[PDB]
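The chain below stands alone, shown as structure tokens; this is the form deposited in one PDB entry.
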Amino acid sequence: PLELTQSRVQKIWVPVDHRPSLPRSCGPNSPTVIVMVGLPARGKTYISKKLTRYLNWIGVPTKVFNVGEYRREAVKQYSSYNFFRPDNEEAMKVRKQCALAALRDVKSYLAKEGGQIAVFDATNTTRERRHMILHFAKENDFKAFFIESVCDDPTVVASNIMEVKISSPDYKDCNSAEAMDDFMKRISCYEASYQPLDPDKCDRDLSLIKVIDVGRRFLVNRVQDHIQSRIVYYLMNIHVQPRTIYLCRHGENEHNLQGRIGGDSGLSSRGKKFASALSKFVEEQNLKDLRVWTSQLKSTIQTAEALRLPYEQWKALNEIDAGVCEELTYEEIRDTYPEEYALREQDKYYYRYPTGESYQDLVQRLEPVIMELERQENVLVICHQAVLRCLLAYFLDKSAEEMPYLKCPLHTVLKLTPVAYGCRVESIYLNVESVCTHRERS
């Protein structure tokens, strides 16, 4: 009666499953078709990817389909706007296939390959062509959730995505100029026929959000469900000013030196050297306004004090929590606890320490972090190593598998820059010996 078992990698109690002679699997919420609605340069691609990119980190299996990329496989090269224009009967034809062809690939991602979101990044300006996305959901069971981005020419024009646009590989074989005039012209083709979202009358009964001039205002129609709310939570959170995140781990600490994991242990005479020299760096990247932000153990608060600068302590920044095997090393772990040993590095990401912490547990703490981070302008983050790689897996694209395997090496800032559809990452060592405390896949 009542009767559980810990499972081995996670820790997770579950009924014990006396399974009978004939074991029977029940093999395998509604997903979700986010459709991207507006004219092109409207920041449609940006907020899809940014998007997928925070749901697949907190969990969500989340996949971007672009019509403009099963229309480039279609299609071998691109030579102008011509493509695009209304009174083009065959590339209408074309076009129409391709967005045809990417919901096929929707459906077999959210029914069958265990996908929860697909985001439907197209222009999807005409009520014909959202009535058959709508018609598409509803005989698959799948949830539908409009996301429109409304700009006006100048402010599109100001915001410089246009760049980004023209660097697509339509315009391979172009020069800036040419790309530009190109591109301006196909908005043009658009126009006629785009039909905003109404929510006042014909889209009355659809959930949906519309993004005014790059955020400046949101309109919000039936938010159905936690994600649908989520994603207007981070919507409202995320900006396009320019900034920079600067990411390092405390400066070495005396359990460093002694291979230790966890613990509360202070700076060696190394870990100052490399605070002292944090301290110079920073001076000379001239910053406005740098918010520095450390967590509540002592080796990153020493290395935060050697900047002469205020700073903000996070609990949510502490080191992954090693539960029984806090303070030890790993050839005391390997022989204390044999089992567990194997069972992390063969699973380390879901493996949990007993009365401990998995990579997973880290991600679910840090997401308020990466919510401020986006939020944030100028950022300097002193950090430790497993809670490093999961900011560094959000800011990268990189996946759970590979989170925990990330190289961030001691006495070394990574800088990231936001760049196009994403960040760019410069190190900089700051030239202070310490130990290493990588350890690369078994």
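Positions refer to the first chain, counted from 1. Just so we're on the same page, rigid core means the largest C-alpha set that superposes within 1.5 Å between forms. Compared with the form deposited in another entry:
Put simply, after the core is superposed between the two forms, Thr155 is the one residue in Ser276, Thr155, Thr125, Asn237 with a Cα shift of at least 2 angstroms.
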Given for the second form:
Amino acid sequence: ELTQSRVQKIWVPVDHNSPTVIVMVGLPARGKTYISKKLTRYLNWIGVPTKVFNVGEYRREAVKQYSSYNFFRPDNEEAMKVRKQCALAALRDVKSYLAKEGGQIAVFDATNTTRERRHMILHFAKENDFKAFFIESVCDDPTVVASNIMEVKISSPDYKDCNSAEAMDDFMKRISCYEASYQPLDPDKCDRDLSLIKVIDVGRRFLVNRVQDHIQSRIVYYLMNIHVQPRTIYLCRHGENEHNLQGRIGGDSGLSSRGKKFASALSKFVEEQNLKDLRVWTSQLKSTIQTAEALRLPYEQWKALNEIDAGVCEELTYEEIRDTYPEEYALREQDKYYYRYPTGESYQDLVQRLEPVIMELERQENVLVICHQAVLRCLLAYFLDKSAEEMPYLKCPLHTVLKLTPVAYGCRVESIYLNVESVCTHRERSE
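If the structure you just shared is the form deposited in one PDB entry, then what does the corresponding form deposited in another entry look like?
Shown next is a single chain and nothing more.
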């Protein structure tokens, strides 16, 4: 016999591959940490457990505050010993994360600019049975380097007792400390056997060598879709709909009278925002489409943006679900991310179908996504680096636009309520 597990609905028989170390490579202020973080955010959200080990954070913990670039001098015998021990301590943690804590990918975020340092990470990987994948960021444009420094270096803890001008100055010399011994990845000759991507001039061009597995090709694909241009992402739900007024889930009802006032308000908001080339996306459910109709803009529908499928519970109230399917109600409340409605979906299923939405979102600039409660949560979690456990409980009120702006290494979210009443469909984590 086979039995169907209670939360996920997976048929199982009755009782009766290598982790990867991703090695960042490059001079300081080349976006290594920007990429480390963003990538880790994508990987975790698609369900590959990933963690960043930034050697700089180890050095900052092992050493009294930073005073100047002299700490990074190649003739600094003692700082060198410290730096090397910081790398080894980060690797100890990498071993722990991947071999014992269920980690899948560890991103070793450091300059790792010498063949020697990289050879040692390889030895580490090889003897723990970890795959190694290198990502190098190369850029010689001073404008880009300057910008990076202004944007994330001068505000860092290292420079808290320095003004801008002198953080910038210190950082420039800090970089020059690494230049003499920098051996770029060389896939033609000495690195022909390594798996790596060398990125040149901020994603303009890539060198890819020996992709070993699906995580690696997928990272390359991700890296070819992202960009660093400023832009804005607006996320909202459909205007209130008739099923909302009844506390009924799922279905494909139309906008209520308030829902229509929202749409009209949303149109005003969008106009006042004054964007160029704002793309608009909806699901294929009517609520969403009517809402976009009020904007008088071109929009495109995506079945992927359709609300979670409640299967056999579609169109019931939560009340009716507790009465009719008491046991299914409880299972969901106890594990709301992995719980699969019977005949239906989990939040986990949602991530899989939203993955192509995220990938296209990364390619776009200004976008307005009009969608549904659970879908919105799933997208929002991606942008705000929220865990699978939290995602089902993020708050996405009706008639409220969430305005997301890339800033520094992450994302500012700004809530904008359009002053139209609605019922509340938020349901707290109960225990």
